[PDB]
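Only one chain is given next, in structure tokens, and it is the form deposited in one PDB entry.
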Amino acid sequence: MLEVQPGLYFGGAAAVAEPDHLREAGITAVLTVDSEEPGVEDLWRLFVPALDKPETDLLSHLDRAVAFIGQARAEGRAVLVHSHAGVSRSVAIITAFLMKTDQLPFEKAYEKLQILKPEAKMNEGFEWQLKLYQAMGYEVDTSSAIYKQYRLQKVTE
């Protein structure tokens, strides 16, 4: 588990398997972005079912994911975003959050994460999706031509 900024952490399956460091970081909100879901405090969770594949549509879930993290942080809760390896799915979500909150281009946000964890390497599909996210104004605009074209491409063989 690695701290991105105060109250905001990301990691892999390890991070959730050892709920002591979790307790010590005071984490009470957990966003799982993975193929499956993983104390004495109320706990909030969001599960975003997703495989670590370029064909996986994370883009459509980004506003929900970012809203979950944002609301938790706005409420003073520490947040963990985790995948299986802590390298791609969770990395994409964190990047999207940094992008939207700071209004930061994809390359700048991702650069920040890679400094923190050089082993961070989201799949190439997720990179493209975050570029679309920026191009849409850091939003999932379902009425945009960008989103419609992206979804048409997603359903092709």
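Positions refer to the first chain, counted from 1. Basically, rigid core = biggest C-alpha set you can superpose within 1.5 Å across the two forms. Compared with the form deposited in another entry:
Fitting the two forms on the rigid core leaves the C-alpha of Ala17 displaced by under 2 angstroms between the two forms. Once both forms are fitted on their core, a CA shift of 2 Å or more is seen for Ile146 between the two forms.
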The other form holds:
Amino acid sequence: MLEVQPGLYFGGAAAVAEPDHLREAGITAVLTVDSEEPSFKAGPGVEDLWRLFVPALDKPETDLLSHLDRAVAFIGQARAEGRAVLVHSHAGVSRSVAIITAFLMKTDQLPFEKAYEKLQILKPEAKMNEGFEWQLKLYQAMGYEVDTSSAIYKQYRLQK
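Could you give the coordinates for the form deposited in another entry, as opposed to the form deposited in one PDB entry above?
Single chain only below; no partners, no other molecules.
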């Protein structure tokens, strides 16, 4: 695991491996970006845990742009309701980061590279593939928002 802001963390397998390790941090909401949606062990607090699953792989033609709005609102509402959010994936380097960045970006209208920086800082390991990169870049343009009934969107999706 690893923090990004007060009540913002991100990582991989060993992060959401054992949920008990979570109650340590004070996390009661978990956003997941992985090949398959996860299972958690019976444990205490696991049932009052928020969960949002973004279906994605680390491949460059994985549609993340269509989840950026929802993933950001989740982390947003999560915080507005109290809890520590954990954005994770098999290795919290691309998928995870990708969205972490996206949040940082929208929240304070930040230029892709500006927000992606603070992440490069915190984690040098940060290697977000090019697809998520231009998808995020594209987000800047759209106004850090995604108008599904927009020609840019409809085309983007058309291809992908």
